[PDB]
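Here is how the chains run, residue by residue.
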Amino acid sequence: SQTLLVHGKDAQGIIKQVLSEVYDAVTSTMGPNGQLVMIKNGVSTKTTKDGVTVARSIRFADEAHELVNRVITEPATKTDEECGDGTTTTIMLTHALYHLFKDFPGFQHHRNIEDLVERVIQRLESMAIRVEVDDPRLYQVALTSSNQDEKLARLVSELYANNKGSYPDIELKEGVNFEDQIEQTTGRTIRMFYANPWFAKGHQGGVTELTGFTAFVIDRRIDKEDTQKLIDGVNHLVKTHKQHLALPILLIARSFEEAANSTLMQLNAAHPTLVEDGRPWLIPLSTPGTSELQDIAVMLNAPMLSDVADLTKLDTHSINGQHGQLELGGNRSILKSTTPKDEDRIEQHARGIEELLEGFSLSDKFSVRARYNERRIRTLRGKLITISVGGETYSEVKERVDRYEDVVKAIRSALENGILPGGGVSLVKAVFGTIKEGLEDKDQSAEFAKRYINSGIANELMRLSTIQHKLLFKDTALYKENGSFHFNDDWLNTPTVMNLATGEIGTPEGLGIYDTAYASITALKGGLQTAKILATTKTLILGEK
Amino acid sequence: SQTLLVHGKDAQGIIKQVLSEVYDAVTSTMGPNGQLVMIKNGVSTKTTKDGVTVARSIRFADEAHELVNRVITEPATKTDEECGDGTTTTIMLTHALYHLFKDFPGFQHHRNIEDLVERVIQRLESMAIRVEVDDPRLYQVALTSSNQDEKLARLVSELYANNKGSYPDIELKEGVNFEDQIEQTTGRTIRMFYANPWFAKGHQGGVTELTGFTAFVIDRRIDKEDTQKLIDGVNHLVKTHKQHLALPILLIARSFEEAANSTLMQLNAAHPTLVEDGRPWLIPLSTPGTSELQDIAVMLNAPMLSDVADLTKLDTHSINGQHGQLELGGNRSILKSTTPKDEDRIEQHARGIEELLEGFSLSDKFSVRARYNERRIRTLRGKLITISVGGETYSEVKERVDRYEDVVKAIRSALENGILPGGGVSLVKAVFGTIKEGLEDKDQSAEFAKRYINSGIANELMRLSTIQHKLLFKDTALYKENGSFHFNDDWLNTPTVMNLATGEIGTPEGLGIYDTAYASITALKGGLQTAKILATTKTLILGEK
Amino acid sequence: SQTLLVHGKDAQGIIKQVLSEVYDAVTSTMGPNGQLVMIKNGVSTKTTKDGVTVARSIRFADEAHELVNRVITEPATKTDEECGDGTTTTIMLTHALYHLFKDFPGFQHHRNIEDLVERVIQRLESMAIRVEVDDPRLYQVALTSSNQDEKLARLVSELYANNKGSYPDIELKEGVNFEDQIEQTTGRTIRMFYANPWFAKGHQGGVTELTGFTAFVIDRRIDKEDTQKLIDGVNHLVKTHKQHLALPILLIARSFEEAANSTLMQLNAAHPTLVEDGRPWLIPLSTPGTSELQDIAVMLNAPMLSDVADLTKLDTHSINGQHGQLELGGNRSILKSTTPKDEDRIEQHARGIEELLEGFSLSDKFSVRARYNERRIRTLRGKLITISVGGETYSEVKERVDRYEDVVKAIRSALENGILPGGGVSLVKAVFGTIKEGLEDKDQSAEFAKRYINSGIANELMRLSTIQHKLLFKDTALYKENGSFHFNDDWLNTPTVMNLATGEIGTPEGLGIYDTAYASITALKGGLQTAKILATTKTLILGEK
Ligand SMILES: Nc1ncnc2c1ncn2[C@@H]1O[C@H](COP(=O)(O)OP(=O)(O)OP(=O)(O)O)[C@@H](O)[C@H]1O
Ligand SMILES: Nc1ncnc2c1ncn2[C@@H]1O[C@H](COP(=O)(O)OP(=O)(O)OP(=O)(O)O)[C@@H](O)[C@H]1O
Ligand SMILES: Nc1ncnc2c1ncn2[C@@H]1O[C@H](COP(=O)(O)OP(=O)(O)OP(=O)(O)O)[C@@H](O)[C@H]1O
Ligand SMILES: [Mg+2]
Ligand SMILES: [Mg+2]
Ligand SMILES: [Mg+2]
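Chains as they are written, first to last, in the authors' numbering: chain B, 2 to 289, 295 to 551; chain A, 2 to 289, 295 to 551; chain G, 2 to 289, 295 to 551.
Take the hints with a grain of salt, since some may be wrong.
If chains are identical, the list can't say which one is meant, so a pair holds when it fits in one copy or spans any two.
Here are the simulated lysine-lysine pairs, BS3-like style, with alpha carbons at most 25 Å apart [said to hold, decoys possible]: (1) 79 with 47; (2) 319 with 342; (3) 10 with 476; (4) 50 with 538; (5) 538 with 41; (6) 50 with 79; (7) 476 with 435; (8) 79 with 404; (9) 544 with 17; (10) 476 with 17; (11) 41 with 79; (12) 103 with 476; (13) 486 with 103; (14) 342 with 225; (15) 103 with 47; (16) 230 with 174.
It should be emphasised that the hints constitute simulated quantities derived from the structure, not laboratory data.
Pulled out of the complex, with its shape left as it was, chain B reads as follows:
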């Protein structure tokens, strides 16, 4: 608390200071050859090489330094929460691209660097190799994302490939045995759960299994304002349309406040003739992106309803009670028994979501809009599996669960969006390609030269694509010969790397070293934004008002 207002020379110095310290720490963990980082936590020591774990728990003493550290760390942390295996890359490029922005000042050069790197992104996005569950590269991806786990990669790839048709939903548990053990189901994880613990069997939040139901999906949040219309709708359904009905009635919605739940408790007590063995016949269900309720509506054959007053005006043409088999729960509900007649409705709705993705743009295919829509497909078509992960201690069991979770996140986003050849190669191919593409094109080579090549940006950006390949294999067998390394035509056609597990030299495709497309793309995208932000900041404020 000497000075709270840092401007100009002082500001950029601290940004550079922090970036170059965060760079040094996280990049040292890269690949299977990476060096280790010890981390304190009270009275223990988690000693690690997983870049995410490093980046997240790096802290700084000065508030000014930690201010900037949050800006460098929060992007790369936010890659792995959605993607799976791709944080150290993001930081590496953040550093690299910042360096570039400073080499070429003046804010016409800054707009040029963006446009160039934005076209490098497009070339990666087009380089995305699409892959089926049948393919043996999925193993090769898992093998890479697991830091070479022969026993794990095999399982998850075998698990996806044995379900050649339906995309498996995986969850994890801390197991008891040394060996791993799997629990396959024909079950679909659904996002609805109990509003109040009173509505379960036994009246304290238990797991109520049903063999018949009649669902209704409401759009609005329900509070003290809707208590009149529920009593209007519920007594309308039970009095008039009792003939075509299978109990219990499920009132699925966004939210049920405590005023609404206490009203529905009285409505179950109002008609005790329908209470079979304790089970309440009326359940309100909640969900914490409006189209996810339309999935829940389609899975249970329930009508989509905007207002709570719509429950009165209903008919046998809109009302249809299912005779399947559901399991209501406190965290989430699960559907098991689905008739072939129902799965025809669900597959047709799934194709309909997929036909939207067929017609998206290439850059839109990697958007959050796209990734949210693909989350809906897995909820609809997707069997449930639970793996109880083992190990020799409690600590290895918990350690191994994370590495399962990284492989599941990677395999899912691999076949979802694409695959690229690893070893820092696809970045070099993309940059060296994008330069040559605009240059080779006689239509625009007049100006493309004047902006990027003539200025020197092109040659700088090409040097920076090397960064990843250098950091992996500098100080190895591959780099000892010929001083540094020649990235000539001959290399670009058949790009040699080293498998750091074995030692042998070959192509990434040949050795079996593959990155997830979504990672090495979203690393670059994030690298540019965060480099720009860092490079274009000239004022730090620490004042707590």
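For chain B, the structure is supplied; the task is to place chains A and G with the ligands on it using the hints.
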């Protein structure tokens, strides 16, 4: 809190400091001739030569230093908690091997050091002398691991040798007298106990002795979910199959949450006709690795059950009420009376476990998987003995209790895995062997030389094998003659050492100086991992997030 | 808290400092001519020459210094708690022998020093002059241990001699008069007392005098586990065997936890027919060494029972209700009336303990094992005496009570083990003897010379025996003539010292200056151990974990 991120040169410096300080402390306590360490605790002074106690209670002021200290200590602390007498050797070799790793940098050399030490481990695993309880070397191992306790070694060794057939399970109590006192039982310690104090005789966690029971082993944990099925199962067992039944009914499980206990309380009161002299006829038993329950099932002739619903579907074929003698208890349960009919089932199951160990690999025979399967054997075949340890004060009693427990843990893991000749000899013979074996073999000498001998790692490793033998006998009779010492072929054939108790000079085999195999192996195994980690760490984080 | 790990030079430096500081403070107070020490406590001044009270209350600011202080002080403090008058001699030799240990480093010398001093202890052990209560040297010991109290020494040595047969158990109360007043009894002090204050007459911790009782001695501690067996055994004892029973029933044991006490309260409530004048008929009694309970059993004709269940299986052969006279109390119980039939049993059990001591080894006679068995004998055979000590003020009364207690403790351990001539003479006679013995012995002179004489240890140890005699009399009339003092053959045959009370010169035997054997031996014993510990320590750890 000047800097929370320590990279590179600084990082290794602190690691070197904290290792070499911890080395200088703990290694000073080695052997019977070892020097002492005074330890503060509030308002008292523990003065000790026990390297475990030193290593465990070494602390550092700087958080960064303690960060590394924990990584050096926790492996050595981790040996004694499963082994018995072998902590100082672990730290010694952590130091030595760290020193090696740094002398040969570059991450091809590192992989070579590992593989060379890894092959030395295999030579120590093959050097393991397999020993029976009859053997007078068992005394010599106890004597060694007791720092020359003529009285103690003699007792425990005699105690193992007098039961030539069944492996003793020993426990220790704070005895009152000057003399020790022994309480032999024909009992088998079993890992089950009361879920609630109410289910004992007198209804407050007392010791219930039985002379007849009918057991059942459930695999799942039991909570509010399982209350219904218990009432279905228990009434089904008492109403239908009451004819072939010896009370009480035992319900052995993983865990019983308080809901399940209160249901089984009511079930005892429900059928008061069967309550003989207060004793509840239904007892739920808890155990804090599913195969240990299978052992419990096999000892009691109880059927193994996956679910709680399985209690309904049962018959005279699966139900069997034993007329033995069991003593239920709060901490544990004890089976004393076993009919010759029953022990044939148990021994055949015990053989089956040994037949899995027969066929395990050599390095797998020193795995946690292996040692867990040997724990099962002692639980099945094994008599219970309790020793009330005596001494001149309260403090010498409590002191002598640990020296008992160190000797029991050693003798057990000696005959379990193996024995080696001590005095730091076995380490030298192993290394000087492993170098000569690969070098003498004309098949692979061409490359073995190029990696290990020609580089200099082979000569380096040989010198570090001598560390233990030097630390013990440098500044003694043995090292006075010939300046230092000549580790020539002559010494390798018959290695001379000094017994630090008596003072005479001879072979470890002659003088009676033997390390356990599981100690001096797991010291090297843990020495390598921890030397790698230290040598390959290049970042320290102290940030409380 | 600058550093929490002091090694090597610095560790020994602080030890030397602390030892030499404790040496200067405590040895100042030695003898009658010793110089005073003023001690602070809050808001008052204790000014003293009592070496125990000095050593105990010496404190150090630095944690590391106090760490070492505890190790030098706790051994000297632990002499008086069992001996009486012999703490300053212990610290002196702790210093002197530390000095020796460091002059001769290298751990073959260390073992030679130990064995030499061990043999000096054996010469002190044989020089012990055995003494009967009739002997006038008992006055001369008391005089020495009272710092020349003409009146006090006279009382105590008369009080032992007057009871020429049974050994007196003495206890002290703060008296009211100027004079002292004695209260003789034919009673035996017993270590048992109330578990809870309910069981006394009037139900609130009063003194209960009984004139008949039926005792039972249980070995185990009693807790919530045992409450049922108490209800079985007590009702068994009252229902079946009421004919041969005198009330009340005493359940003597190791400990009674609050659960068991509440159960026995109900048991007194259960049979109100047997409650005579408020007195509860069932009392539990606790004692804070199983053979001390066997004494209690033998004194009260009660059976020795290993388990609580053993109360059921009993008979008129095992049950014997005494009609003596017993006074139950809150601190301790007292037995007054013993029929000559019963004392015939108690004397026979006393002889059996004496027959064990008769046949102990010489060095075994000075062990803790030996002394604890002699403690038992006094409990059995011995009359109770209570002296109320008076004086001019309250502070003189309390001051005089401690000097009383010191003289009783010395006289007891004087006639128990032996007596030696004081003035620091016995030590010099012992050391000069032990050197001459082995050296003059033809059989071992060869190697005796090479170990002690030829190295220089013998002459160093000869000088250090003088420390006591030099401290007492340097700067007196005795040391003025002939520079220092010639410890020659002439002196050894008749050793001259000075009575520091009178000022006359003569032999210790002649002037009537006598140490107790156990003290001067226990100073040298512990003085070696503590000198060795200090000398061999090379690591200090201040870390609270
Ligand atoms: N056997 C191998 N040989 C060569 N390169 C490899 C090998 N395994 C992985 N890689 C490369 O290492 C890089 C990945 O390193 P790492 O997994 O440490 O970074 P990250 O994925 O960003 O971090 P995190 O996994 O913590 O999110 C990729 O470029 C990949 O091609
Ligand atoms: N009488 C002896 N003479 C020579 N060496 C001995 C003797 N007794 C034990 N040793 C050696 O000393 C070493 C054991 O050291 P020490 O017992 O101090 O530490 P540790 O067993 O590694 O761990 P812990 O502190 O748990 O006992 C072994 O190498 C053993 O061979
Ligand atoms: N009148 C005396 N003349 C000569 N020496 C004496 C006299 N009285 C006592 N001493 C000597 O003083 C020494 C006893 O020391 P002192 O009683 O001061 O302390 P301590 O017995 O070692 O321990 P404590 O402080 O518990 O009494 C003995 O060596 C004894 O011979
Ligand atoms: Mg990972
Ligand atoms: Mg030990
Ligand atoms: Mg005194």
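Hints, one by one, checked against the model:
1. 79 with 47: both (21 Å within a copy, 16 Å between copies)
2. 319 with 342: The answer is between: 22 Å across copies meets 25 Å, while 31 Å in one copy does not.
3. 10 with 476: between (31 Å within a copy, 22 Å between copies)
4. 50 with 538: Between. Shortest inter-copy distance 13 Å satisfies the 25 Å Cα cut-off; intra-copy 28 Å does not.
5. 538 with 41: between (32 Å within a copy, 19 Å between copies)
6. 50 with 79: Classified as both; 18 Å inside a copy, 22 Å across copies.
7. 476 with 435: within (14 Å within a copy, 43 Å between copies)
8. 79 with 404: Intra 22 Å, inter 19 Å, cutoff 25 Å: intra and inter.
9. 544 with 17: Close inside one copy (12 Å) and across copies (21 Å); limit 25 Å.
10. 476 with 17: within (22 Å within a copy, 29 Å between copies)
11. 41 with 79: Answer is both; intra-copy 22 Å and inter-copy 20 Å each pass.
12. 103 with 476: Answer is both: 22 Å inside a copy and 23 Å across each meet the 25 Å cutoff.
13. 486 with 103: between (31 Å within a copy, 21 Å between copies)
14. 342 with 225: Intra 34 Å, inter 24 Å, cutoff 25 Å: inter-copy only.
15. 103 with 47: Between copies only: 23 Å across, 36 Å inside.
16. 230 with 174: between (42 Å within a copy, 23 Å between copies)
The earlier numbered hints are all upheld by this structure, with none contradicted.
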